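A.B. asks: Each chain, written out:
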Amino acid sequence: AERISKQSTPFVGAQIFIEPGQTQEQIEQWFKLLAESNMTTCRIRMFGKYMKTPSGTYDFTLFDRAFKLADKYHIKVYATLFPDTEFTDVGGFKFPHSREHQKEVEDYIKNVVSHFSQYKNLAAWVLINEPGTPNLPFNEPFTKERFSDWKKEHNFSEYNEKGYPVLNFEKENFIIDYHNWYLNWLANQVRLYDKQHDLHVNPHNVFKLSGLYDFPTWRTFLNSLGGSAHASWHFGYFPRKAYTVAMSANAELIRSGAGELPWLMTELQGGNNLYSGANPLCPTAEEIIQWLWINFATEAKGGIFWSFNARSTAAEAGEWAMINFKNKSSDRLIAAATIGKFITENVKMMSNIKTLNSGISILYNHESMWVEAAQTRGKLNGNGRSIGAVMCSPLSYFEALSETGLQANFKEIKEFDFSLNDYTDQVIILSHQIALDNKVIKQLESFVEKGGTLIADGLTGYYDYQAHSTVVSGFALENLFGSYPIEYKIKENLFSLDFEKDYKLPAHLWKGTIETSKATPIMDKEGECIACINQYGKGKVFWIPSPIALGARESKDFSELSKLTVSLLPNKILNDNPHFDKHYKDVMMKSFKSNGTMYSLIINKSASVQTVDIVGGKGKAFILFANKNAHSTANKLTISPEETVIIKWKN
Amino acid sequence: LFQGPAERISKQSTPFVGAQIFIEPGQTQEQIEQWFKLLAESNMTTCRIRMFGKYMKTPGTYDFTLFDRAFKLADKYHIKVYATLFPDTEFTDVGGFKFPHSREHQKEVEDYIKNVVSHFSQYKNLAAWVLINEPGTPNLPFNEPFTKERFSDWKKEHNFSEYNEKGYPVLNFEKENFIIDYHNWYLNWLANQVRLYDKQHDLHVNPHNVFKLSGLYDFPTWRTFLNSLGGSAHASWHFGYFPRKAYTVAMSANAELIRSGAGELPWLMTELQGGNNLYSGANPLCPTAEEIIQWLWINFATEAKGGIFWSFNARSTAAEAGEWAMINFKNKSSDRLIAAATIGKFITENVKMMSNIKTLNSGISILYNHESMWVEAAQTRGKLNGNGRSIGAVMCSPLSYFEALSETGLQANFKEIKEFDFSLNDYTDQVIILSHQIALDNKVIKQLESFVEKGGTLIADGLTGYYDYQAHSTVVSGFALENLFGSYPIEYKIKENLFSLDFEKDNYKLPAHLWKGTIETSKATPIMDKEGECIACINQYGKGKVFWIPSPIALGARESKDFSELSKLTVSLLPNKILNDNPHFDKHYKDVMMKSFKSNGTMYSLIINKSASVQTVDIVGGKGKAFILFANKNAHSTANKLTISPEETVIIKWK
Amino acid sequence: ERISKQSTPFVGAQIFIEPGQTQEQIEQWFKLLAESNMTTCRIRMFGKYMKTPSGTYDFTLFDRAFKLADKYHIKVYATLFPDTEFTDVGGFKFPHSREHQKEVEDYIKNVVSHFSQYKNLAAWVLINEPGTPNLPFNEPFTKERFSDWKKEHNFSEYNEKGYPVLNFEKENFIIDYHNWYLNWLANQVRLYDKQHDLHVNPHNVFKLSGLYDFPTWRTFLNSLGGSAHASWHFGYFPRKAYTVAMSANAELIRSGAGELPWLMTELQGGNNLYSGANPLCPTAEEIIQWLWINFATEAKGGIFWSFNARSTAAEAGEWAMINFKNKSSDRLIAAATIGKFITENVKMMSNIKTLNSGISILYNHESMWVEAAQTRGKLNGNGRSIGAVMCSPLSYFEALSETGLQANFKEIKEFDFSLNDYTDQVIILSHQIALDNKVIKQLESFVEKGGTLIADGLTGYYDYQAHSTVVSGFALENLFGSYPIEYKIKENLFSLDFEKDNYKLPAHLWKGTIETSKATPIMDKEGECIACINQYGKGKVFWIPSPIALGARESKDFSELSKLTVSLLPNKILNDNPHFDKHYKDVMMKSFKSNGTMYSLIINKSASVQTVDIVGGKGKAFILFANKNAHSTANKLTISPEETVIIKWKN
Ligand SMILES: *[C@H]1[C@H]([NH3+])[C@H](CO)[C@@H](O)[C@H](O)[C@@H]1O
Ligand SMILES: *[C@H]1[C@H]([NH3+])[C@H](CO)[C@@H](O)[C@H](O)[C@@H]1O
Ligand SMILES: *[C@H]1[C@H]([NH3+])[C@H](CO)[C@@H](O)[C@H](O)[C@@H]1O
Ligand SMILES: [Cl-]
Ligand SMILES: [Cl-]
Ligand SMILES: [Cl-]
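Chains as they are written, first to last, in the authors' numbering: chain BBB, 31 to 532, 534 to 682; chain AAA, 26 to 84, 86 to 681; chain CCC, 32 to 682.
Misleading hints may appear alongside valid ones.
[Unchecked claim] Calculated cross-link-like contacts (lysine-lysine; reagent style DSS-like; alpha-carbon spacing at most 27 Å): (1) CCC/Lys356 x BBB/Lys472; (2) CCC/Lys106 x CCC/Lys356; (3) AAA/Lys271 x CCC/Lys556; (4) AAA/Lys79 x CCC/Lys181; (5) AAA/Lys679 x AAA/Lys371.
I should point out that these hints are in silico values taken from the structure, not numbers from a laboratory.
Chain BBB with its partners taken away, still in its complex shape:
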């Protein structure tokens, strides 16, 4: 069996939806067109329901038929373990209902892995479709008992070391461990019967569910990390014109979770929402090209569209499909096929992509999300006093950097390597990460001391991991920030921070004021201290405790956040990295390397032709890919609305 690696040739693929009632002739027609569309790979939901016989035997006929047709057309198969469940359960159950249900899942895995492991075109086992749920079944006896046991095996005090009352977030910490346990158990079950094939899983809705996911632990039992990134389900924090930024951030978040493992996008939106989806659309041909290039530029080893063909009955009947109702190519399949073709014509380049890390890392942590949920009491008013602000804030910095043509990592804090001796020319952005503990503050102190630049806005560091505010009891970040908070004063959803001898930064909801000791104060036109720069060892801290990233989001203008961030970056980042000479609204660029050669991905999401002046790095623009005849004069790229451009930098 071929094992996926960081050197694998990336593929374009699609879900092949198999259910009873389909004919041999239609299934073969799908695989034939899939092969002719320069797609190498399919994914198949191995429905327990469509293998169970009245007598309790497994009948594999329906899936044998699909596997054999895949083999005939040289299509490899991601096989999703999907035990028997209600027809109306679109996504699948996330945990066993009971010990008896766990034994049924054991029996399902034994039967399905023993049989289908024998196919030479099996590429991977997907352990579970879309692990993680917002609504965890605490009512079910399996989960209820696990939670009880877990609580008794942990020693939690109602008071901290200094004697203050604490929250311990038992539920949230259990949920991490519970996901870790069940996925690890699924991996172990598959490994009883098959030690040959890649294990894969697709975390989903990552801007909401990242607080469920311990990706470092998952690396211990996976061969690749996947992802669902559906424009109609997962990008609600963005307008459609910014699904570029959404896909880029989703790619960076999975990339970070993957660490040393290769990653691929297991599930992308391939077609139309009729009745399904939260933010329904039909992806344009242009969007299909944009999403594949963003993922490959971000080291994805694959892009699998849900779906090639449609479900026939009830939920998503005739929805999501890349083929039309005559089983011929939509403009979406035609577009995906040009990327498959491009890969086969540029194998060495496409097989060795490494994202050009600017040195900027935007960090989020589970605990800021958990404290936000407790403090907002689950309010959904889309603002700082609602669930989502601790993710929308870093996503806004990410967007501002994208509109500057700068790559940024998007990482959980435990995925950042704090063990290096030098962080010269490395930048951490902590945007409204409202919960930081002593351990992480010490890591941040080390990082800055050794040359790191730390940018902190919003209520970053207001609470610890027990929702205790050191801002009240004795500020844990006083040392690093060389300053102390004075007040937060709530304002409108959108106000202006007007710096002395003007920046006018858009700010959201709260004005923070500080007192500097070691730091240099920055004053506003009202004579209040609203920010500071602390020189700490070899590094610097910029602290502005008003939410200026959420301000940029609220004002729908990232230009001031771009200019401010650029002015704080070490010169080395601006000299070594291709970026825009200025901020461009609704334009993104990210750069990658493949065997020594540097490339740039440019996408224009504005309503008009843009001329983007690319500066930094070395080389002359050669246009390798452009779906609307983009042209460059020196390093000035003229790019049409919705166009995707790959520049190869020659020399």
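Since chain BBB is already given, all that's left is putting chains AAA and CCC with the ligands on it; use the hints.
C.D. replies: Frame of chain BBB, contents of chains AAA and CCC with the ligands only:
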């Protein structure tokens, strides 16, 4: 002419204006008599009385005194009585329970019916038993043991497979099919209970909120045990899909829907809004005098044998205290009772005309089906965002065609598909509109094929035929309507709530809602858009034609608040016979309606102006010269050009 | 000291005591509290922070605070707060069970026996914020109480005339239950301490007044308190009208107090981060506005929640008057100027008596209870929603404030109907939809003896059993000399245009038409009778059954309601009371006396400097207090935006 001295309602009965007389303890003889006196002097012949079990129960005997007093005063003033069976229930239960709570409760209802029917059947002024007030509820009591057991029994008596004949997974809509049968069962049982003690009087029932609850109602089965079909059509409860200026269209569609359900049975509007919402109602108003006249004429023009207003007098305590009443707090006439009285007077002065009304059927039938509503509910997961991806699109779509036709002065039927007669040999000059009827089975497609083959015109827009009755999409597995449509769907692509379909020829633009459908023609003639995609087709099929446009253009007209393009398109697809034989407008008129009817050979037209300004409407088609028989604001006509004032109702007699 | 109507008013603040705080921080709070001219603190006596493992009480944490309060001559309001979940911010309102009642008995024994011994104990607060909309009917203690209460009451389903009735068993039980538990808490405290003032702080009074029988509470209290938080309680008002909100809240508590002194136990001292329904940070200007409105309305104190902040989870670092360095915000500096003013004007400030104009705006429990039943709990902010029966009188109150006229705001049972003369007294019953025969007789007596009655909206539509006499035989026909004909629903906003071409009154939702017998009809331009004046004995009735107060609210314009009301007032009120020569949008004035000397409080909440012409009473304006250099020429006051002015009337 054997089972009763009781007058039995017929399609030949003289229509009446009437009102609820609300009877509760605490009222005096003097006030009740004053109500019946004024009711009689307002040219009303009929009242309806809720026979509250609560106000007859003694510390277990029945005391009938409170209702005897009302029946005797009704009799004294020659007022006939619709008596509503309303068993004992909480004072706070405004509308009444819809089903027994338990086997023990069913026995209490049996005892209630025995006592009340045995006693009040003896009054010579009893016109009808209303079996239940407003059968049907959105929120069915599945948690109560009587319903839970009935559902369990019904499930064990039905054999459902999880797969169809081709092997595909299916939904079976057990809940929805049970609910139809459960309503059928309980109403039939109520009819049987009444018939144990009285075989002389008309059985009546008033289905309500029909644009939402039609999926609960099997009117063909109800005909089996009713003598007349009723209806509640309240401007404050039932017309949420319409602005107030289109309550004319709402009432006309509600009348057509009940008319269709009635079939051979006479029908009447059991419950119309007679007065003011204080705290009650979803879309509160006080009907204008003009609105009262509009609603009575729309119903009579649509073959109603009665209009009964809720209410003559008001409830006194809590819910709807001093609300809904046609009389003011001094028990004298509001402008609403004075207006209703002019229609009562008109009827007594034109008995033969008013007793024999038959709606002039244009030949256009707008069809809805239970199953499109049920599949919509499952697919939209009960979303209430008032659009294609919400509950109500499958009804708002046909209602939009209906509105477009009303603004063209054309009658259209509004019928459940099982109420349409598919058994005829000729459908020349007949038109079916299937607007966003997303669920169609093989049986109905065969009926539609027969209909078109024999000369029928089929107009289909939106996602009509996307699913079958098991929510299986033949669009995915093998399109069941390919033969009839002479074409095949290619894609739906979601767009904004309002977009334009830009036709390749003639620079022609249709408002469309939410989804753009593209097709491939085989036998049909393709119609292309400016982007070179096929968006519609005309299939010639035997003697008939099919127009198919799988974008929602009716919902597009609704979203744009403009039915003028939908009017022009529909008119251009009608057989010439419909335009030549039927009075209609020479063009589309925004916020004007006309419907025509016949009575013993003579043709009439009803015209209502709901616009802000005086309109001159050019009436064309049929034969005759306009004579203005009824006009509440001095309408005048020159030849067949009618000048009609805002909120005016006009009846033209064609000489 | 025992509090009296002659006590010197104080400024004070909550001192929030929890484990983890140091001696040094607590002392620093009391030191700054003393230096801020604050004499009083309030301390939550958390049962949780006195319970030891063994069930003994350890008082150490509160001893430390009491002793530091004593050292700085700070008196203490001690709040009885039994053991409860850390997450319970406001405290439980009733015992959970008979066993929990015994724990509360033991808590009171231990805490009152111990802390009664401190010489700086000013008051026991029996319970923090009595009243909850949602009573725990599920819990056995409340379930049994309701069962017992129901068996002790005989309710008939019909009235005397035979009509069906509602009896509001739940609402009547809830009044009696609050009466019972507070009385029981008072009796428990009195078992161990007969020396100290008993106090309680009713809250959210514009919503919870239907829970509160203040006349009964007088029997076991020495003072009535109040929570009046801008972020929780003033939802019916924009921020620019929090002056009117505080004035109405002060009047409502003052009325409940009767002969008892009252003080505002809980005012907003600082910032909402995540807490509050209508979040803000009070301005310095707002702090001064609220203290003066309360003192002008006879308050013996203003206690801010809070001096210092909670440290963990709910309201962590929120509400505090001190900043995170434990120094003065502009809010503490502002509060300190009022403390200083009091020490420099002891005799004036100790003897304040509100100058009663003679205008009383009456609300009743029963209008609120019938509204809840008729609106079925709808929250659409209009006549068909919960809150109209309170927003309506609050709108008259606002119109009178913008005329510079004091008005009482009273529950109908708090109005003295037993006098022989009501010459030059005015009652406004605005949309008080429920009136019984007893109250109609009191209103007949009041008008007969010279009273002026103003009734708008659906006043008197129902009786106390939600039976409408408008339908069965109008109970107010005699007093009104007229009969309702119809209500007709209209738009949210329409105009009642009087035929005499004077008044064009904004009206909300319903147009009422009437038939006059004894009364003089007032016709509108459409030829309908919309109002009347009835001469009844020596008094007059103005009846307009359209909601013109809710009309003024909906139009955000109280000017026509002001002019109409002024034209109906007895001459004596206009001659004897300082008021404005005309209506001033977003300006308030209320007047008070201290011994013989008359004063006026003027606040400008408009965006611009106003010149207000004060007329009525006697004297020349001398500016005693002004925080933005107000000046007067004769009796014309020039007052800046957000400025508070006290005028002393010299002669
Ligand atoms: C992912 C995605 N959610 C599809 C479209 O909603 C769904 O049908 C499948 O269950 C995939 O897991
Ligand atoms: C019909 C209608 N719902 C009336 C107004 O709400 C009501 O009083 C009656 O109970 C009928 O339900
Ligand atoms: C009063 C007020 N509700 C405070 C602020 O929300 C709260 O912390 C206190 O518990 C008091 O209830
Ligand atoms: Cl899958
Ligand atoms: Cl009835
Ligand atoms: Cl307290």
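A.B. asks: Now tell me if each hint is right for this structure.
C.D. replies: Hint-by-hint comparison with the structure:
1. About 23 Å separates the Cα atoms of CCC/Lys356 and BBB/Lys472, which keeps this hinted pair within 27 Å; it holds.
2. Our distance criterion of 27 Å between C-alpha atoms is met by CCC/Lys106 and CCC/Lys356, whose separation comes to about 25 Å.
3. Between AAA/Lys271 and CCC/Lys556 the alpha-carbon distance is near 25 Å, which keeps this suggested pair within the 27 Å criterion.
4. Of the supplied pair hints, the one linking AAA/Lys79 and CCC/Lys181 holds, its CA atoms being roughly 22 Å apart against a limit of 27 Å.
5. As the CA atoms of AAA/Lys679 and AAA/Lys371 are separated by approximately 18 Å, the hinted pair is consistent with the 27 Å bound.
Checked against the numbered hints given earlier, this structure breaks none of them.
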